[PDB]
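Participant: Residue-level listing of the chains:
2 protein chains.
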Amino acid sequence: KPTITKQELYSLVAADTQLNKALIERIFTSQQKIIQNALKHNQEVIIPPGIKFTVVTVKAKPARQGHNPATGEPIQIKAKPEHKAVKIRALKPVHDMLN
Amino acid sequence: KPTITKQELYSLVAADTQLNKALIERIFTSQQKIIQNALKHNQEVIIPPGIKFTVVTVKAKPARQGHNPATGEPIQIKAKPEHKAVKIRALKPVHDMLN
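Protein chains in written order, with the deposited numbering: chain A, 12 to 110; chain B, 12 to 110.
So here's chain A without its partners, still in its complex pose:
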């Protein structure tokens, strides 16, 4: 049994909720933007079925200096400066989802 896509999820929800699949997708889009707007304001969000959205800070990687092993030619890497990233954490009900 293969993976269940977002678009099949919408269909499965709509049939189980007995609601218009278009209204269903309106809901998740509203959630999607609320999650987005909060994170941008460094606000954390918990969504069903128990996932926590975090804003984490990523350390800067300095610019680096190397050589091609075969040809001895130099290669370089840009410095990737420190930035903000998004982490999700499975909460209590997601761990217990198999119980």
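Any given hint could turn out to be false.
Copies of the same chain look alike in the list, so a pair counts if it works inside one copy or between any two.
Keeping only pairs whose Cα atoms sit at most 20 angstroms apart, straight-line, the calculated SDA-like set for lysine to any residue is [stated by the list, open to error]: (1) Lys-103 / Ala-81; (2) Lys-72 / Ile-86; (3) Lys-32 / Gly-61; (4) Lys-95 / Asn-110; (5) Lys-98 / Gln-47.
It is worth saying that the hints were derived from the structure and are not from the lab.
Mind docking chain B on chain A? Use the hints.
Facilitator: Here is chain B on its own, set in the frame of chain A:
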């Protein structure tokens, strides 16, 4: 800015969509029971806004003794048995949410 509770999210979605909160809650309840039922059939599922749900077999890990790096306080870590676990991975839309 404080964390938005799983319950506070419902209120915000209910206002943005102009749906009643109880209608919002029935949708996510249905989404939970579909995730839960598919994972218990070892089936993968993708949910908005871009999180993938996987069932993995986690190996047994023996108990170990850690240390608070700044004080040297010992901290024991209990042994985990061989268990099945729910793993969630963030996809591109979530990792791009701050962009």
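Participant: When no copy is specified for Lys-72 and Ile-86, does a C-alpha distance of 20 angstroms or less occur within a copy, between copies, both, or neither?
Facilitator: within (16 angstroms within a copy, 31 angstroms between copies)
Participant: For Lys-32 vs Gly-61, is the C-alpha pair at or below 20 angstroms within one copy, between two copies, both, or neither?
Facilitator: Result: close only across copies, 18 angstroms inter versus 23 angstroms intra.
Participant: For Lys-95 vs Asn-110, is the C-alpha pair at or below 20 angstroms within one copy, between two copies, both, or neither?
Facilitator: Between copies, since 10 angstroms is at most 20 angstroms while 35 angstroms is not.
Participant: From the Cα coordinates, with 20 angstroms as the cut-off, is the pair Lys-98 and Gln-47 best called within, between, both, or neither?
Facilitator: Within one copy only: 13 angstroms inside a chain, 22 angstroms across chains, cut-off 20 angstroms.
Participant: How do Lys-103 and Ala-81 come out at 20 angstroms by Cα distance, when the copy is not named: within, between, both, or neither?
Facilitator: neither (36 angstroms within a copy, 29 angstroms between copies)
In the structure shown, a violation is registered for the earlier hint numbered 1 alone.
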